[PDB]
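Assemble chains E, F, c, b, V and W onto chain Q, guided by the hints.
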Amino acid sequence: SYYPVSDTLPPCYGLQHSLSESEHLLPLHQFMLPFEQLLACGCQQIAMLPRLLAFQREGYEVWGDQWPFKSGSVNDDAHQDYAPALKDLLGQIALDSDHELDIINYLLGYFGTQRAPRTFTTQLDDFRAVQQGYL
Amino acid sequence: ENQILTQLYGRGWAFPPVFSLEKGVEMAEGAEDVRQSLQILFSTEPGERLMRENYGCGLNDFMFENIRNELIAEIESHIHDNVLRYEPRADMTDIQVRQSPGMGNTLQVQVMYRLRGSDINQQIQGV
Amino acid sequence: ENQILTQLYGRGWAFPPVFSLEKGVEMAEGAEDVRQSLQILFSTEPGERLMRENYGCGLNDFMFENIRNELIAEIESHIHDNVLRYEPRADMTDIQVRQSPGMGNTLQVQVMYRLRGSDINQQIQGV
Amino acid sequence: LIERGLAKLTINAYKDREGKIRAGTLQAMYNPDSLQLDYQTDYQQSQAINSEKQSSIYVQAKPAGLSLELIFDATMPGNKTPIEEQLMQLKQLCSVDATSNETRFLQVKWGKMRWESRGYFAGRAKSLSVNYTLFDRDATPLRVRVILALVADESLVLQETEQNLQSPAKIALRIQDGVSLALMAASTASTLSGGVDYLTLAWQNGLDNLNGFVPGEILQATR
Amino acid sequence: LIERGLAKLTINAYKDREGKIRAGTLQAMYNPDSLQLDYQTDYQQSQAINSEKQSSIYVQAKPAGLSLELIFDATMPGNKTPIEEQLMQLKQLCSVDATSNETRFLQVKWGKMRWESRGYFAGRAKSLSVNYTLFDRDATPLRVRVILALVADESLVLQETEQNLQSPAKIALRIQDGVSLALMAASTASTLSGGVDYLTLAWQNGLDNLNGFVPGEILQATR
Amino acid sequence: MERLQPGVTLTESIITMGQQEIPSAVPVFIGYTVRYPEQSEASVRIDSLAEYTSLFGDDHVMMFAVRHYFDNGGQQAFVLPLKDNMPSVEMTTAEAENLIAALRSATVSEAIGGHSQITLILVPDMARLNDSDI
Amino acid sequence: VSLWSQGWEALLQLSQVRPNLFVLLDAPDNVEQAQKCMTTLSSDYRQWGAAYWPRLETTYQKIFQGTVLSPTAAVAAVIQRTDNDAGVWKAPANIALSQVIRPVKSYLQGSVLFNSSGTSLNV
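Protein chains in written order, with the entry's author numbering: chain Q, 409 to 543; chain E, 2 to 128; chain F, 2 to 128; chain c, 3 to 225; chain b, 3 to 225; chain V, 1 to 134; chain W, 141 to 202, 214 to 274.
Just chain Q, same shape as in the assembly:
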């Protein structure tokens, strides 16, 4: 569970205030957004650790792409115009799925065997589940 950094700031900055009552609220509340997603990646990846290090792996999915704010929160209401666009670039984590093949090479190394070398006739989607069930 992730609790936002925009909550702990003093209330005169207006982050928990009513939305867009004053005009200085919105450029501040977009400034805290990049430093929120860097901390929200750190809270996901500890919760992914039973998934990241299980021996019965089944997923493409690595470090994380979840939105930091709960859907009822006022912090969600500020960036509600571009929350569909920010979540979709957060789905760049499927492009980082080569890293998941480097953990299976590490988890197979407990039992003395390396992972298979990557070939040219892979069909890399169907290649990987063979490498997953091998572990």
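Simulated from the structure, these hints should not be mistaken for lab results. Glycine included, C-beta positions come from ideal geometry on N, C-alpha and C. Certain hints may be false.
Straight-line Cα separation of at most 27 Å, DSSO-like style, residue types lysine-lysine; simulated pairs [as the list claims (entries may be wrong)]:
{"#": "1", "chain 1": "c", "residue 1": "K172", "chain 2": "b", "residue 2": "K172"}
{"#": "2", "chain 1": "c", "residue 1": "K10", "chain 2": "b", "residue 2": "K82"}
{"#": "3", "chain 1": "b", "residue 1": "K10", "chain 2": "W", "residue 2": "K241"}
{"#": "4", "chain 1": "b", "residue 1": "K22", "chain 2": "b", "residue 2": "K10"}
{"#": "5", "chain 1": "b", "residue 1": "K172", "chain 2": "c", "residue 2": "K55"}
{"#": "6", "chain 1": "b", "residue 1": "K55", "chain 2": "b", "residue 2": "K10"}
{"#": "7", "chain 1": "c", "residue 1": "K55", "chain 2": "b", "residue 2": "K10"}
{"#": "8", "chain 1": "c", "residue 1": "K128", "chain 2": "b", "residue 2": "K93"}
{"#": "9", "chain 1": "c", "residue 1": "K10", "chain 2": "b", "residue 2": "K93"}
{"#": "10", "chain 1": "b", "residue 1": "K114", "chain 2": "W", "residue 2": "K241"}
{"#": "11", "chain 1": "c", "residue 1": "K55", "chain 2": "b", "residue 2": "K17"}
{"#": "12", "chain 1": "b", "residue 1": "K17", "chain 2": "c", "residue 2": "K64"}
{"#": "13", "chain 1": "c", "residue 1": "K172", "chain 2": "b", "residue 2": "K22"}
{"#": "14", "chain 1": "c", "residue 1": "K55", "chain 2": "b", "residue 2": "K82"}
{"#": "15", "chain 1": "Q", "residue 1": "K478", "chain 2": "W", "residue 2": "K256"}
Restraint-style ranges between C-beta atoms, simulated for each label pair [to be verified]:
{"#": "16", "chain 1": "E", "residue 1": "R53", "chain 2": "W", "residue 2": "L259", "range": "15 to 25 Å"}
{"#": "17", "chain 1": "W", "residue 1": "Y200", "chain 2": "Q", "residue 2": "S505", "range": "18 to 28 Å"}
{"#": "18", "chain 1": "E", "residue 1": "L22", "chain 2": "Q", "residue 2": "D415", "range": "25 to 35 Å"}
Just chains E, F, c, b, V and W now, with coordinates in the frame of chain Q:
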């Protein structure tokens, strides 16, 4: 509005934190940092800063108490030793506390301050 | 009726020592040990514990003496420095000694106490 | 309230500090007019070459001293107890006990007078000043004006347990609505001699998170 | 001006010097008649074999001492708070705090009385002298004449910032019409603990010349 | 920063200093102002510059005399404005007579002689004709 | 919504039977319902009442689900508490409440309850 007073008090972020496309965040320079450093202190109340627990003017713990000469003399004492702890760059020189002529419930405090080390007037209003 | 107050005061035998077929002897837990530790002290008189010779409230050595304001002020003094010696976990906060409205001979003492280190009310009655 | 009668001064001498052995009592004939309690504390001011901050440190808290005067009489027709009997009883309280090789521990008490939150004044006699006047021609004294001066020697098993209720070893705290763990661990420093750090407060309670407490939950802060 | 009502003496005990933890208050029944503040400074006179100049050096500035007396009463029909309750509250301010193993820090304040530019008198109790008179025959005291003696222990974070506004580290100066640099660098010695030399004042401002300043220009004198 | 709810809200409005009311020394500034908005009285009393700038306009030669009067330690003052137009950057000789003919007029002589609190008068607008008057 | 106002107009009328009577009364928790019952009250004895908005979540069972409680029972004790020392002339606001965890509604949600020109509701 010179570069000399910046060398005594430094540059910091303006308290309305408005960001611009040129020059980045609007910087409060030397004579105007110390005025805005007083505006931050009066505007926060103690306990709602994150780790600095006792930072901010507690005028909230004596309001809804009746206007007399004993409440007024407790404001001028509280507003004096609080600027001494949390504002080393601004020395207070007078406090005037009086209730407004229009609305009788509200009372208006007026803090007169000089900056330390320097006796340089501001030419006109700005930043 | 939580596990937190057990960590401050410990578990001990209940003063009515009733034994059960499940769970063994009924254990007085944290907030209820300190109440029953006061019920043991008021109920024993000094000298009838075996080797701890001076343990117990001696209210027996001043009874059959007439109810006045000087006997009442000697009870509140005696009942105060006795809970200090033999009850380190319960701090006294008020003693009210008065004679009952129904029967004039009997007088009823009422000890109000808080537990040390903790300000946690009991939710309802029990154990 | 209940009755109307004089409470009179009694000085009970105990052989030990705790108050378990009794050495004898003495009830006053007439009560003292006034009771003067004198406290005192010693402060030494720190000298330093660099700074000029005025800051005086604490050295010692001197014990209390009660000073009362009494009168004894045998002139009047109402009283018949001789003053040789009462002054022998009074000097046997300001006396070196042969059992313990010290003086005896007195407990002055009368009525509903609390001597700053004790029903008695536990202490030993520092001075005593008999002033015989108005003898009979049989040379029996008929008026005696004693001036007692005591100094406070209180029991140690009483003072051991006042420190534990003032600064306990373990605290339980009730959270209330959005006080942070950084804010709540500062509130422990009121009664824990330097508060627990906000990490070591979270480790002792077994917190899953630094903000992973509900506002109803009870935290524990041991040192 | 606004209203007409008695301001009364309050003594707030704090556990720490800065004034953050609160240990309890005590409001006086009747105010003191008089308040006596006593300051003192020690000067040692320098002895020398050669010369006979009378010049006494400065050793130490002893802290201030406030001395007030109070009275508590329960005889009168207007007042009903017992004196055992108030004298227990007063002795708990002149008391060794079990959290910090020192005495507590008192802050006497009432009304618009500034105690030489502080709204309160921060200091600890050096003495205390209860004088019970006029007991009831229940031995409850009905009149008590306390004499307090305090000694000034002020916070250090307040006294750190009075030195910085009196003698700052950096000065800015406005020139006025034909004062020389040799004359202006003597005016810095009023508030810079030995003024900057007239060369090292010209080097810090980046002066092209020793007389190369216009009268409107602002100079800077750091040390 | 909630300004309608009860609390401590800082404002930009400057309230007045506690005046000492020196009775035997109080000036008038009789000069041209840019605003002239006061419709009740003839000559009005000012206390601060921030009260004057709201009450008589900004950026004129008579403001910098009030601004320098409140810096040297004066605490109360009266302002009797001249009703005519504010002059140019330099004073022409056709216009400089319009000031001195307004100083002999009874429109400014009745406001001074009727108020009976002022003890000394002064014109800060006479130094405006120090350039190009002839 | 008018069922609350039918109860307030009954209560403020009840404080007219004899001289010294006051009425502390509960406000509805819903914010739209509170603003409507402030505007559509329309009694001629409005000065004898005072409305305290949020319901308190006290520390009584059913600390996990504390029982939701009326706020006026706590304010009548602090009205009595500020009468003991500072007289009736002192205002009963800005004094701490003992056994409560939180107001069940947020504070920022009820910032429209205070009106300096209209009817203002105590928060």
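Each hint, compared with the structure:
1. Taking the CA atoms of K172(c) and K172(b), the gap is near 50 Å; set against the 27 Å cutoff, the hint is violated.
2. Pair hint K10(c) plus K82(b) holds up; C-alpha atoms about 24 Å apart against a cutoff of 27 Å.
3. Between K10(b) and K241(W), the direct Cα distance comes to roughly 16 Å. Compliance with the 27 Å bound is thereby established for this hinted pair.
4. A hinted pair counts as satisfied when its Cα atoms are at most 27 Å apart, and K22(b) with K10(b) qualifies at roughly 23 Å.
5. Between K172(b) and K55(c) the alpha-carbon distance is near 22 Å, which keeps this suggested pair within the 27 Å criterion.
6. This hinted pair does not check out: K55(b) and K10(b) have alpha carbons roughly 52 Å apart, beyond 27 Å.
7. The hinted pair formed by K55(c) and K10(b) fails the criterion: a straight-line CA distance of about 30 Å is larger than 27 Å.
8. Among the hinted pairs, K128(c) with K93(b) is consistent with the structure: their alpha-carbon atoms are about 23 Å apart, no more than 27 Å.
9. Note on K10(c) and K93(b): the hinted pairing holds, with a Cα-Cα distance of about 25 Å set against a maximum of 27 Å.
10. Taking the CA atoms of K114(b) and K241(W), the gap is near 20 Å; set against the 27 Å cutoff, the hint holds.
11. Restraint check for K55(c) and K17(b): satisfied, since their Cα atoms lie roughly 20 Å apart, inside the 27 Å limit.
12. Between the alpha carbons of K17(b) and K64(c) the distance comes to roughly 20 Å, so the proposed pair stays at or under 27 Å and holds.
13. A distance of roughly 22 Å separates the Cα atoms of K172(c) and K22(b); the hinted pair therefore holds under the 27 Å criterion.
14. At roughly 44 Å between alpha-carbon atoms, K55(c) and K82(b) are farther apart than 27 Å, so this suggested pair is violated.
15. A hinted pair counts as satisfied when its Cα atoms are at most 27 Å apart, and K478(Q) with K256(W) qualifies at roughly 18 Å.
16. Between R53(E) and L259(W) the beta carbons are some 23 Å apart, a value that agrees with the proposed interval 15 to 25 Å.
17. At about 53 Å, the CB distance of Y200(W) to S505(Q) disagrees with the hint of 18 to 28 Å.
18. The given range of 25 to 35 Å is respected by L22(E) and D415(Q), whose C-beta atoms sit roughly 28 Å from each other.
Violated hints for the displayed structure, listed by number in ascending order: 1, 6, 7, 14, 17.
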